[PDB]
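Peer 1: Spelled out, the chains give:
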Amino acid sequence: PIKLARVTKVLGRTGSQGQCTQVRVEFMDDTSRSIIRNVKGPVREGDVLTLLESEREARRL
Amino acid sequence: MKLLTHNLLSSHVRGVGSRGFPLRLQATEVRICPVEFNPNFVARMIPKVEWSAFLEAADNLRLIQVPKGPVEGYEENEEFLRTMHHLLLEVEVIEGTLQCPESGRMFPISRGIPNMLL
Amino acid sequence: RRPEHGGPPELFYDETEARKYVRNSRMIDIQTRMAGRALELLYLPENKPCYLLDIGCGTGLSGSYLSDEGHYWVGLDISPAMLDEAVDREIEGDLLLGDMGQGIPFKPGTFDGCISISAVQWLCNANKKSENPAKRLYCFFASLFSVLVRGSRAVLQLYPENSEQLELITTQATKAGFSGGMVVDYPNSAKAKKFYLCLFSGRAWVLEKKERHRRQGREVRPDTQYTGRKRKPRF
Amino acid sequence: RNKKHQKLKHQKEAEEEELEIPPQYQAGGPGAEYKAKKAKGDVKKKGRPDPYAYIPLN
Amino acid sequence: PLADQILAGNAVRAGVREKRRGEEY
Amino acid sequence: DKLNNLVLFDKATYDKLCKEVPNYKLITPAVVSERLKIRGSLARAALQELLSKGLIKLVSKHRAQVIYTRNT
RNA sequence: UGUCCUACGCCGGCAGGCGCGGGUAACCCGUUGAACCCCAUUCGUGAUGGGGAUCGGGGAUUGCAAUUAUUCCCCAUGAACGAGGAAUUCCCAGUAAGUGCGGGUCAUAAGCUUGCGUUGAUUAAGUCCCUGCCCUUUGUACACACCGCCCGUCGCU
Ligand SMILES: Nc1ncnc2c1ncn2[C@@H]1O[C@H](CSCC[C@H](N)C(=O)O)[C@@H](O)[C@H]1O
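Protein chains in written order, with the UniProt record's numbering: chain Z, 8 to 68; chain C, 1 to 118; chain G, 6 to 207, 249 to 281; chain W, 1188 to 1216, 1229 to 1257; chain D, 18 to 39, 47 to 49; chain X, 42 to 113.
Calculated directly from the structure, the hints in this document are not laboratory data.
Each hint should be verified, as a subset may be incorrect.
Said to hold, decoys possible - Taking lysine-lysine and the BS3-like style, the derived pairs with C-alpha atoms no more than 25 Å apart in a straight line are: (1) 1191/W <-> 198/G; (2) 16/Z <-> 36/D; (3) 48/C <-> 112/G; (4) 1196/W <-> 1239/W; (5) 198/G <-> 68/C; (6) 1239/W <-> 198/G; (7) 199/G <-> 1194/W; (8) 1236/W <-> 198/G; (9) 1234/W <-> 1199/W; (10) 47/Z <-> 10/Z; (11) 1191/W <-> 1234/W; (12) 198/G <-> 1190/W; (13) 1244/W <-> 1234/W; (14) 1234/W <-> 1194/W; (15) 1245/W <-> 180/G; (16) 78/X <-> 52/X; (17) 1199/W <-> 1239/W; (18) 278/G <-> 255/G; (19) 134/G <-> 10/Z; (20) 196/G <-> 1243/W; (21) 1191/W <-> 25/G; (22) 1245/W <-> 196/G; (23) 199/G <-> 1239/W; (24) 1237/W <-> 255/G; (25) 25/G <-> 196/G; (26) 98/X <-> 57/X; (27) 255/G <-> 1234/W; (28) 1234/W <-> 196/G; (29) 199/G <-> 1196/W.
Could you build the full structure based on these sequences and the hints that come with them?
Peer 2: See the structure below:
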């Protein structure tokens, strides 16, 4: 199910070429859950994302 | 669908290998496409192929009028080699079906290309 | 920049790409002389009828070249649009739709020769999580060594985007029993550098002493034309 | 700069194949004569066939 | 510490890098 | 394949134009040319003739794009 | 930028020809009436009014001399080319790109190289995956080096 969630903290540039951004995300519908995600594109604090599969939390070193 | 092409076919699925051949045939409409006749091609592919495969495949395709044994020669028997030319190289099953014997997988020959995917 | 980066070959090779492929003069000309080089690169004897595989057939202009030389062939491909425009081209041979990396569905001891044109480079990268290029290449190459006649030949044309693709392809080929090598046609050229993996199923002594005395830090005579030179015969 | 680029791209290719060879032996069992000194290209000879390269597979 | 090495090994370095790129009268 | 757009009004084509063009909700040369299989210059001429008889409403005029639509 | 730049008058359809003025120059070309752009007409998916190569005829101009076409003009011919399997170039804002105009080379080219203005963006504000170069630590992995196998069989002088 489509679930929407807001960016609180961008954790940094990840990926081999720096193509992705690791970011800290909290949900609006339940503003208690917190997840870590990888995004493509320019992200600043306050961006709200639409997640198709909001179960797994992404990871890169 | 060329007859030699089906009768060299096997099943590329992992379990039944390499005993997946021969594939069972069925035809709903058959066409004849003109193909050039080099008798050396037929004379070299006749020793290559199992002939009981021809018997079972033609019985699947309703057809009986084939030679029953390996017809080996120096390309001197024009009537025999012409019959195998018509049957193998010219008879095409443009629309048809294929059933895998040892796995049961279904392959529709749909104008005139069978799909053989996962 | 390159077709491989588009994704899986079932999605980059859609109907629009097929219609741009069939109406492309450079594609026709280059892939035609590549089919010529491919058929000339395996030493199948002259005036001898042979049975061939033409995998990565796409349009079948490689198959049209094989049928032009009198030889019959079986086409195998993954994209339906390529097979649709190939049957629209009224090619002589028989086609088949199926992924090559899963395995070629043919009985062993079958084909006199194999020709692959611009297709083996697509098995070097994984576009699905279930996909693994190493095992896929191993399976596809083992399927070649199975379905081919022992002692037949297989030419495998490619444009490797780096040496890692060549490394993995050659390792998976040599671990499937294949014996052969690489014909790199026009190696130092750029517009004609084409990779074809071809496969088949079976006085000094005094100088040293003076350098010793130089390293030891003492005065040494200058090294000249007359360093080691026999002054006279000794009676 | 593009010269050294291309040259040691080729050198990396050769080194990678040469380092492929020993584990290939373990787990299991190039146009230099056609290089033109005057220019980048590929010059034909009469004694030998058209320019090529043979790297055999082990 | 071991906790610091594990956390710093599973996180991403961020921040420091500067790129030098590029009236009244 | 090769289009065979008519260079001039046929009788049936002219009748079908006169009784099917004035109810389309969008009148441009391109749509009449594509769905009547006619050459676009004569499509423009037919649209100008239909405007001249006071039956179709022009919306905007340009050298690049001209658009008409129904009166009501 | 200019003692070859040129205003203007007359002739020829055009290249061009004749005459008469200005300019050693923010003084004259020159309020540099540029092209893209803008506004109307024709065209209608057609290797077609797209594209111009290559040719046939004639005219004009610079040169001692234009043949193997110096250059330009007019009429005719309308080839390949349908967005390039594949190797790669440059680039982060008045920028790329589209578009014209100047300077040097020059009796005549355009054909390089330098500049100028006009219209005006897509992406990006990161990285060390490829390449270059600079560091630091190290010489423990691999390679080298060391040892071992160093191929066997008969046949005559
Ligand atoms: N794994 C795979 N299995 C089968 N076909 C594949 C494949 N990966 C790529 N291909 C095929 O490779 C082709 C590349 S285009 C080749 C066209 C052909 N050489 C010609 O010009 O006649 C496509 O038709 C694509 O479907």
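Peer 1: Now, for every hint given, state plainly whether the structure supports it.
Peer 2: Here is how each hint holds up against the structure:
1. Note on residue 1191/W and residue 198/G: the hinted pairing holds, with a Cα-Cα distance of about 19 Å set against a maximum of 25 Å.
2. A hinted pair counts as satisfied when its Cα atoms are at most 25 Å apart, and residue 16/Z with residue 36/D qualifies at roughly 23 Å.
3. Simply put, residue 48/C and residue 112/G have alpha-carbon atoms about 12 Å apart, close enough for the 25 Å limit, and the pair holds.
4. Only pairs whose Cα atoms come within 25 Å are accepted, and residue 1196/W paired with residue 1239/W is accepted, the gap being roughly 16 Å.
5. With a C-alpha separation of about 52 Å, the suggested pairing of residue 198/G with residue 68/C is violated against the 25 Å cut-off.
6. Restraint check for residue 1239/W and residue 198/G: the C-alpha separation of about 13 Å stays at or below 25 Å, so the hint holds.
7. For the given pair, residue 199/G sits about 18 Å from residue 1194/W by alpha-carbon distance, which is consistent with the 25 Å threshold.
8. Distance check on the hinted pair: residue 1236/W and residue 198/G sit about 19 Å apart at the alpha-carbon level, within 25 Å; holds.
9. Taken as a hint, the residue 1234/W and residue 1199/W pair is honoured in the structure, with Cα atoms around 19 Å apart against an allowance of 25 Å.
10. For the proposed pair residue 47/Z and residue 10/Z, the alpha carbon gap of about 18 Å is at most 25 Å, so the pair holds.
11. Only pairs whose Cα atoms come within 25 Å are accepted, and residue 1191/W paired with residue 1234/W is accepted, the gap being roughly 16 Å.
12. With a CA separation close to 17 Å, the supplied pair residue 198/G and residue 1190/W stays within the 25 Å bound.
13. At roughly 11 Å between alpha-carbon atoms, residue 1244/W and residue 1234/W fall within 25 Å of each other, so this suggested pair holds.
14. Straight-line distance between C-alpha atoms of residue 1234/W and residue 1194/W comes to about 13 Å, which keeps the hinted pair within the 25 Å bound.
15. A hinted pair counts as satisfied when its Cα atoms are at most 25 Å apart, and residue 1245/W with residue 180/G does not qualify at roughly 38 Å.
16. For the given pair, residue 78/X sits about 14 Å from residue 52/X by alpha-carbon distance, which is consistent with the 25 Å threshold.
17. Restraint check for residue 1199/W and residue 1239/W: satisfied, since their Cα atoms lie roughly 20 Å apart, inside the 25 Å limit.
18. Distance check on the hinted pair: residue 278/G and residue 255/G sit about 22 Å apart at the alpha-carbon level, within 25 Å; holds.
19. The hinted pair formed by residue 134/G and residue 10/Z meets the criterion: a straight-line CA distance of about 24 Å does not exceed 25 Å.
20. The straight-line distance between the Cα atoms of residue 196/G and residue 1243/W is roughly 16 Å, inside the 25 Å bound, and the hint therefore holds.
21. Pair hint residue 1191/W plus residue 25/G does not hold up; C-alpha atoms about 37 Å apart against a cutoff of 25 Å.
22. For the given pair, residue 1245/W sits about 23 Å from residue 196/G by alpha-carbon distance, which is consistent with the 25 Å threshold.
23. A distance of roughly 17 Å separates the Cα atoms of residue 199/G and residue 1239/W; the hinted pair therefore holds under the 25 Å criterion.
24. Between residue 1237/W and residue 255/G, the direct Cα distance comes to roughly 42 Å. Violation of the 25 Å bound is thereby established for this hinted pair.
25. Between residue 25/G and residue 196/G the CA atoms are separated by roughly 21 Å; this keeps the pair inside 25 Å, and the hint holds.
26. For the hint linking residue 98/X to residue 57/X, the alpha-carbon distance of about 19 Å falls within 25 Å, and the restraint holds.
27. With a C-alpha separation of about 41 Å, the suggested pair residue 255/G and residue 1234/W falls outside the 25 Å cut-off, and the hint is violated.
28. Distance hint between residue 1234/W and residue 196/G is fulfilled; the C-alpha atoms sit about 15 Å from each other, no more than 25 Å.
29. Between residue 199/G and residue 1196/W the CA atoms are separated by roughly 17 Å; this keeps the pair inside 25 Å, and the hint holds.
Of the numbered hints stated above, those contradicted by the structure are hints 5, 15, 21, 24 and 27, listed in ascending order.
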